[PDB]
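Only one chain is included here, represented as structure tokens and corresponding to the form deposited in one PDB entry.
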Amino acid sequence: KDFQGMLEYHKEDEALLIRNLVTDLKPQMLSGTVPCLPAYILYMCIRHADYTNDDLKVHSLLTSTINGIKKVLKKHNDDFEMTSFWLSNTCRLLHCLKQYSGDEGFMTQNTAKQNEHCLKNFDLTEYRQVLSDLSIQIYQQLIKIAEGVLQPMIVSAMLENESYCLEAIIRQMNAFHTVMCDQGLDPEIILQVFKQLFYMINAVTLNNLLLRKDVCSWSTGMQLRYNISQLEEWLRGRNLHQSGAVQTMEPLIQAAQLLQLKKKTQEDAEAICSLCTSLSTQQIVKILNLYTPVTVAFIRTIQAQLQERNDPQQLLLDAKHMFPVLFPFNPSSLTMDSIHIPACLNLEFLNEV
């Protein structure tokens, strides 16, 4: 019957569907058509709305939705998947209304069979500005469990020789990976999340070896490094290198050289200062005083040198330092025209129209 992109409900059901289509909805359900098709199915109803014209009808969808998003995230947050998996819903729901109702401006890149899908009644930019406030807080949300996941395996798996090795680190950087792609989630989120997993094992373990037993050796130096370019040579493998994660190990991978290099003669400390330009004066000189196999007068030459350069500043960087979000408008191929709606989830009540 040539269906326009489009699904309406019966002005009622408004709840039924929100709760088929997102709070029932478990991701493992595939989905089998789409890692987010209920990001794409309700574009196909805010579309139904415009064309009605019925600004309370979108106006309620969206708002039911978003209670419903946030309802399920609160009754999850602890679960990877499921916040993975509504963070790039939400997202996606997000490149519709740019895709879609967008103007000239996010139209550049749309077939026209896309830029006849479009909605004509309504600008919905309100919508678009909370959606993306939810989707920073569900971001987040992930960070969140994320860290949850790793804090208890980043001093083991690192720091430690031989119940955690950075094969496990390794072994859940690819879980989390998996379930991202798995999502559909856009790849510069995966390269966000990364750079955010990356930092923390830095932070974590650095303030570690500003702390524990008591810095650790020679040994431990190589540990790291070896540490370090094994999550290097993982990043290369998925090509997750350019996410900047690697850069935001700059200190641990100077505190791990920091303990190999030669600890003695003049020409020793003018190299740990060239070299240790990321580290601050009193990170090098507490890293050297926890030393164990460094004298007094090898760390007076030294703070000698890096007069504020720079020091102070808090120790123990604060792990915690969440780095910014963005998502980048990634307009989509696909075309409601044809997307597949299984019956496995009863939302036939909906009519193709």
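Basically, rigid core = biggest C-alpha set you can superpose within 1.5 Å across the two forms. Positions refer to the first chain, counted from 1. What changes on going to the form deposited in another entry:
- Of the residues checked (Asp182, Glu147, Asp214, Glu232), the rigid-core alignment between the two forms shows a Cα shift of at least 2 Å for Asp214 alone.
- In this overlay on the rigid core, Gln28 has a C-alpha that sits less than 2 Å away from its partner position between the two forms.
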Given for the second form:
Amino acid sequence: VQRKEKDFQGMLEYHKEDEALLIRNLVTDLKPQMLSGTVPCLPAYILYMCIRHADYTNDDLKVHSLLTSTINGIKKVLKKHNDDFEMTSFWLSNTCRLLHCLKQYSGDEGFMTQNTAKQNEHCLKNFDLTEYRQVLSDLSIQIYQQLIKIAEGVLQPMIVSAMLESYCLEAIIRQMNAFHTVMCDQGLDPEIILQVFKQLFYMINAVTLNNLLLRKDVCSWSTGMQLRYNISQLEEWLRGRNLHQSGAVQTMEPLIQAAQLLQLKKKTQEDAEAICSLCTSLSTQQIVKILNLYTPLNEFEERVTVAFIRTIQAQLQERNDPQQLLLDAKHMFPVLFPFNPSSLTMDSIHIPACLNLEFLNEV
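Return the structure block for the form deposited in another entry; the form deposited in one PDB entry was the one displayed.
A single chain, with no partners or molecules, comes next.
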């Protein structure tokens, strides 16, 4: 019959027999490479547009099957690419954006407060997808855990030589810059980006301090001076990238204090008092260890005396502190990925033919 002049509603329709193909071409076989320079998180937007048509047509089987198959496809891709930072970051970003869409367009007033009138026209009408959002939320946490695992594994061999000693600092920074560039390009939430680097800089803090707590060959005034300089370059890199609100600098306070301790005078009651008031982020045990390990680099200086160490120990009596000497390098900070509604209108999503998704027609 005769058709009206109909404009795009921002929905994408497909036949149920083509779902396996959709999941194949949009998830299973998708390479992040191909998607530059499209809109970032294009798969999340296409996926929501499909879910929205399923809801529009009151098709709860299509809704259930699509979501379930998407979640399974993503887990399959990530198990296959379990050492791939880019691929892992790519699906974190899209899993998050898909979850944001399902919240922002849930139809629940508590999520629709930054929504424009037209955006509200794009809300789901039939289905409450609360259980699927919970699954997507659990999934984003698991993908983030893989991302940290990958990034820490890459950084691990670089740390000791970059901070104390083979790798240079510039190599560490180049790696950090690589990680950051990928996450930005893929549209990962800046709040998640902040939490990633907080985590990685804690690992630098822990691994480097553990080396100072066990090895006399690095506990010298010279190392402390060089270490403090290296940490300052990291801080400058962080500020230059607008990552200084991440909490990353704070995670390095123990190491910073260790580097300064190595440079402080270590002879008098006054010297002892200075060390105690400065080293508020080092336990009594850690401070005493570094003082014991401390080795002058020429015969013109002596080692810290037993008397001095006992003076330190008496000044720190009021402290309980933990117990173990070393820091857990694998400590993971709890995270929160907040709801991040976008000002984007689904009404304007164009789909490249390299995705091979022409069978999806526009409603």
